[PDB]
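Now for the letters of each chain:
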Amino acid sequence: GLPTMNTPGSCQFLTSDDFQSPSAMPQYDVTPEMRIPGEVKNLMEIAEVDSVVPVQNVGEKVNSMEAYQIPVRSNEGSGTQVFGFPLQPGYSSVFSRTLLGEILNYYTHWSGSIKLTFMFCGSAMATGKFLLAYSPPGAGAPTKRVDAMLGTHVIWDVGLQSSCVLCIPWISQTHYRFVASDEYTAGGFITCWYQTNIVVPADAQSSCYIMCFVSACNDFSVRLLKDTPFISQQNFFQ
Amino acid sequence: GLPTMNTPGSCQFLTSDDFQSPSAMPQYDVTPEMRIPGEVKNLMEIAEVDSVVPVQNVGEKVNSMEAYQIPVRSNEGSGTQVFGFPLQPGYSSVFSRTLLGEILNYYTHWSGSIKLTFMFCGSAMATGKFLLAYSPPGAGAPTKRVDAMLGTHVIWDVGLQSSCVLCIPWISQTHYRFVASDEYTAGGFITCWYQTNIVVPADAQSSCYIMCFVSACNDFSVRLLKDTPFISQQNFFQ
Amino acid sequence: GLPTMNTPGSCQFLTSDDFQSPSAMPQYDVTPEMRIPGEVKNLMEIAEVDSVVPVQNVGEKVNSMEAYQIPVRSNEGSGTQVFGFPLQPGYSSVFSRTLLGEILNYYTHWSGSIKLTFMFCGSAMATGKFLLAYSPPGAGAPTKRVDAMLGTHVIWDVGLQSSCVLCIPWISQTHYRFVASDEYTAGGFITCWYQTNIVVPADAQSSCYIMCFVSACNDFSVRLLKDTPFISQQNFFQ
Amino acid sequence: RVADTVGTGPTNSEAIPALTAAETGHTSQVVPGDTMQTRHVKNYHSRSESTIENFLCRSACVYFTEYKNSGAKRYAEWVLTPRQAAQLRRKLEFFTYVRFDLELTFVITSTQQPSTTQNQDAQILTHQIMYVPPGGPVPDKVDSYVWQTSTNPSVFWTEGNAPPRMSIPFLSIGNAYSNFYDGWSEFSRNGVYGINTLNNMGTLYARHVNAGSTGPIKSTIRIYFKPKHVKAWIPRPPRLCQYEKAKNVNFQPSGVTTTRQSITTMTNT
Amino acid sequence: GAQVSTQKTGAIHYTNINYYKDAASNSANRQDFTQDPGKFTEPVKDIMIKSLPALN
Amino acid sequence: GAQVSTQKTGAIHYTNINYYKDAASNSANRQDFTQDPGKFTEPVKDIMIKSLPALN
Amino acid sequence: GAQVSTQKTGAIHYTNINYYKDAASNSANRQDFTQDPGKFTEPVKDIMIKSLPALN
Amino acid sequence: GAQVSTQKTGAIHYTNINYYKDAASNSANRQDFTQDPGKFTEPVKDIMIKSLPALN
Amino acid sequence: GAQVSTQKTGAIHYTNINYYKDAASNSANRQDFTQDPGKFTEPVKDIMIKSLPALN
Ligand SMILES: O=C(O)c1ccc(NS(=O)(=O)c2ccc(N3C(=O)c4ccccc4C3=O)cc2)cc1
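First to last, the sequence lines map onto chains A, F, R, S, X, C, B, U and L. Sequential numbering from 1 applies to the first sequence in the entry's author numbering. Sequential numbering from 1 applies to the second sequence in the entry's author numbering. Sequential numbering from 1 applies to the third sequence in the entry's author numbering. Sequential numbering from 13 applies to the fourth sequence in the entry's author numbering. Counted the way the entry's author numbering counts, the fifth sequence spans residues 2 to 12, 25 to 69. Counted the way the entry's author numbering counts, the sixth sequence spans residues 2 to 12, 25 to 69. Counted the way the entry's author numbering counts, the seventh sequence spans residues 2 to 12, 25 to 69. Counted the way the entry's author numbering counts, the eighth sequence spans residues 2 to 12, 25 to 69. Counted the way the entry's author numbering counts, the ninth sequence spans residues 2 to 12, 25 to 69.
Please note that a few of the clues may not be correct.
With a Cα cut of at most 30 Å, we get these calculated BS3-like pairs of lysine-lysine [said to hold, decoys possible]:
1. X/52 <-> X/63
2. X/63 <-> S/259
3. C/9 <-> A/226
4. U/9 <-> L/34
5. R/41 <-> B/52
6. S/153 <-> S/54
7. A/41 <-> A/226
8. C/9 <-> U/9
Between beta-carbon pairs, the in silico distance windows are [claimed, not checked]:
9. A/5 <-> S/260: 50 to 60 Å
10. F/63 <-> S/199: 52 to 62 Å
11. C/67 <-> A/43: 20 to 30 Å
12. X/4 <-> S/119: 44 to 54 Å
13. X/2 <-> S/119: 33 to 43 Å
14. S/248 <-> R/39: 18 to 28 Å
15. F/121 <-> S/267: 45 to 55 Å
16. A/24 <-> U/38: 46 to 56 Å
17. S/248 <-> F/63: 16 to 26 Å
18. S/127 <-> A/24: 58 to 68 Å
19. A/108 <-> C/61: 29 to 39 Å
From the structure, some residues in chain S lie toward chain X, with a derived Cβ separation under 7 Å [unchecked claim]:
20. 54
21. 55
22. 56
23. 60
24. 66
25. 69
26. 72
27. 179
It is worth saying that the hints were derived from the structure and are not from the lab. Where is the CB? At the ideal position from N, CA and C, for every residue including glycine.
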């Protein structure tokens, strides 16, 4: 006899435990190992890849391939807003179904920079400059380019290399932020304005498009796992 | 007291467990050891031995010694089929009661080559050549010798050494195969055709016989034990 | 916490277990040790001692001191049988209450030679020779001296040293034998015949006696303990 | 760890590792390379889960009996033999001689029996499983002096705990248990046929220690055997025809195989 | 003493200490790998070599 | 043997001994830290260096 | 300390550590093999040698 | 490894081995003795020495 | 560390390791043998020697 007194914690089954176990058929010889291409060892391998953001939404711009394209047109007055959405992945209805956001809905915390690659898919003679600005929370989103400038912006000059990466840096008062909505922490506003209107010659279409891509940086980490809200079931699949 | 918390897994009895135990009568002195001939230490010792395959079946060729003999006769047109059965031991009704197949029904997986030794038990003046062909699954069994050739075949020329071993090699897309029927994996077709008709002089019987033997190779292994379906009981044996 | 999972075998009490224990009064100082004569350390110390065998039985030769004495008398025809009993201790009704047999009824197995010392307690002028024979099982006991000779015998010539030890050797097809009756194993027959009739002069009694003693050899061992059948109780002793 | 294939190539010499009489009672070893050409293939397959022991060391239910806690049969009795269950028996009868230790686990489960008895409440029945070595005493009434377990092993198990377990060593008069005995016990060759004393580990009796509930309760002792430290000699054919008796090899003749259509059919019926 | 041996891996280390007086109460010898098919297969007196016919 | 390794700390030591014959019954490998995003990200043949445009 | 001794084998090693203050609470001494039949058998003063008769 | 440290005595030794992967599941640090009242008491810039008045 | 000491024998060895932080939770000191009857018996100032009378 070796005296023991069972501490409370025994005779329970957690849904996140980890222990030794008794085997079923003992001495079973597991099949060999193949080095099948494209091994994954971390979720940040998957999260650092671009995925097209369906920025546009209306009510039927959310059931077609119209969702992913951001309409850009030549408008004579410059200072018109191209798009605008808050940065609050895994809650925002712009990043709720993207690749980054869908990995993010399994986590409660997130930290790190996020890259928004904007790709001009216009004509090959169309030009234009855009002032892509990210204004941290401190006020309720710019409504003019003259206010958007003050934030952290990047003027994108188009003409070869049809993409320009506006990297949103980490500005937060904490070392993590919630994926779910909260008001102790917020993520500010991402807006785009025309810097210099789309100049399109003759015989070239005057309505172009931009694509928005969301990816994670290498200074990115997620912590505290929970389970998604965007999947459901009623009765078991028969 | 040595603190412990019982992990779930305790207070159960498996039917495949293995642990230390309390003894009954303690200090019992077990009888000596004799080196009785023919010790077995592995089931592959038993499985690599020939057993006669009862290839022929009809309805009364399955209740006599007619089951084991494969009728061969001289037929003027060559390209006639001698026999034909799929290779799917432990399911096929040709290998279901053989020695190899009966060991195989206690396992769910099997891998390795299989040897089919055909022994000509005709007259001592009878001749004949046979094209023994194994055609992997890729189509639904040859119906002509001219199609059977394309597979992996061995032309057996008779005349002394009254057996010839057609070795069926491992051709599978996986490192194991099911013993029980499945259609993700299959074992192809084993057929025999006359290469050159049975030439039998006068006063010698023109109907000869062949015997089929099933054995395992040395590159053979079985994995994952289950329990047979070919044994049954109702009430206990009184 | 030190994770443990209770294997089945726990929470039971065997009647042959052996474990550590909690004490009652702790630190109790046990009395000294005396070296009292005749220490026993093994049951084979007790089993290797002679005990008188009550060979004779009738119905009132089993309630007196007539049981232990084997009647010997001068009979003119030689080849008369003196006694005869099978060797099957702990079942035979000749060795069922002897010292060897009573130790033997607590065991299921036994192995080893057995010594039958016959002591002539006749007159001091009476002579006689006896052919003491042990015939292994192979047939159903001799009924003539001429058949008894063929076995393993010892002719005892009397005249000083009034005992002669017929040692029954181990002849069995197994390394143990059952104490309880069985027919896979048997112990043969021990018989005594007159070799040369009892010659007794005048004025000396013509009826002598022999005593049979049963003892174990030094090549003797008992294995697998059970509990006796020759003791009983009804209600507790008040 | 199994063997490996190695590169070969064409063959035109007088070797013919294929052609060889199998009339000599010699089972030839032929590799892939002999009937074709197969490059060097490494095999990492393992022939472990096929060892003699691992095969036999699986707990199989050999039997189960029932005993009322208040009525007539208050005890069950069983002469130990693996010959009461088809499943375990067929595995053992794949070898002529086997040697092993046993692990006896008993899974006792109680079921209340329908009755009109008032206020039936159990107070945790305790069961006694007792091993009586061959040639022991035999209990009759459940209160007999026999149940004192003077030397006879017994497990006392209170219901609602891990099932009782005990080991038995190798107990045989001989040096192996015979699974097939051709011979009689009697020298005149009559009586019992192959009822040899080598596989007869006495009897095992079980009963309720307490009087349980006021009403009747029937308990079901289920016996499990698990061969440890197995050594098996002389392989032999597995049984074909169904078992008929628990001490004889009696059978009714039946098929040699499962039937199909023709000799050249490619699909089982 | 503590007997340490590799877990049966496909392609590590476990302490095991016997705690009972008898050696008939130790855990099964599940690991015990040996193969020697020169018995039931090829029991012939003079081994037939694979390069010529068995018979003359 | 006893494998001792640091507990996952933010910014120590636990004995762990495998007790089962199979190596498919050992506790999960929760600690197993590796990252190598040169796969799915940037799968291009010739790595684009960050100092000039990818295209000419 | 840990007392290691062979399990009773017919034809290995178990740790055992006493855990109680008293030495009257230790497990039975099932292994304790000795035999010395020069006591009850042959208790005679002068040992009779097997080569001649005991009496003159 | 086993961390051995004296039991909190008034005026000895206990093995303790962490058994969990996380370091947030180890037993509390009940022993952790430190005192440094130069904080809340006497937070002044220039320490007042006990031998003269604080003010001039 | 493991404190090994003989079991109280009349006429051996048990490991004991304290597992609790406090030293007021260790098992009783049942073994603690001392005797010194020069207290209550013979408390006199000048010890009376057994060879003459105590008084003059
Ligand atoms: O279990 C066994 O060990 C045990 C049970 C029955 C047994 N058989 S007996 O020797 O016939 C026997 C039969 C009955 C009693 N017995 C009574 O008659 C009784 C009345 C009231 C209180 C107690 C008892 C009690 O024990 C004692 C012994 C021996 C031992």
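Here's how the hints hold up against the structure:
1. X/52 <-> X/63: With Cα atoms ~18 Å apart, residue 52 of chain X and residue 63 of chain X stay inside 30 Å; holds.
2. X/63 <-> S/259: violated (46 Å)
3. C/9 <-> A/226: holds (20 Å)
4. U/9 <-> L/34: Holds - the C-alpha atoms of residue 34 of chain L and residue 9 of chain U are around 6 Å apart, at most 30 Å.
5. R/41 <-> B/52: holds (11 Å)
6. S/153 <-> S/54: violated (67 Å)
7. A/41 <-> A/226: Satisfied, since the Cα-Cα distance of roughly 20 Å is no more than 30 Å.
8. C/9 <-> U/9: holds (28 Å)
9. A/5 <-> S/260: 50 to 60 Å: With a Cβ separation near 56 Å, residue 5 of chain A and residue 260 of chain S satisfy 50 to 60 Å, so the hint holds.
10. F/63 <-> S/199: 52 to 62 Å: Violated - the Cβ-Cβ distance for residue 63 of chain F and residue 199 of chain S, about 39 Å, lies outside 52 to 62 Å.
11. C/67 <-> A/43: 20 to 30 Å: holds (27 Å)
12. X/4 <-> S/119: 44 to 54 Å: violated (31 Å)
13. X/2 <-> S/119: 33 to 43 Å: holds (35 Å)
14. S/248 <-> R/39: 18 to 28 Å: violated (53 Å)
15. F/121 <-> S/267: 45 to 55 Å: At roughly 24 Å between Cβ atoms, residue 267 of chain S and residue 121 of chain F fall outside 45 to 55 Å, so the hint is violated.
16. A/24 <-> U/38: 46 to 56 Å: Given range 46 to 56 Å: violated, Cβ gap about 29 Å.
17. S/248 <-> F/63: 16 to 26 Å: Distance hint for residue 248 of chain S, residue 63 of chain F holds at roughly 23 Å.
18. S/127 <-> A/24: 58 to 68 Å: Given range 58 to 68 Å: violated, Cβ gap about 41 Å.
19. A/108 <-> C/61: 29 to 39 Å: Cβ of residue 108 of chain A to Cβ of residue 61 of chain C: about 35 Å, so the range 29 to 39 Å holds.
20. 54: violated (10 Å)
21. 55: Interface hint status for residue 55 of chain S: violated (10 Å vs cutoff 7 Å).
22. 56: For residue 56 of chain S, the interface hint holds, since the closest Cβ of chain X sits about 4 Å away, which is under 7 Å.
23. 60: holds (6 Å)
24. 66: With Cβ-Cβ at 5 Å, under 7 Å, it holds.
25. 69: holds (5 Å)
26. 72: violated (15 Å)
27. 179: With a minimum Cβ separation of about 5 Å from chain X (threshold 7 Å), the hint on residue 179 of chain S holds.
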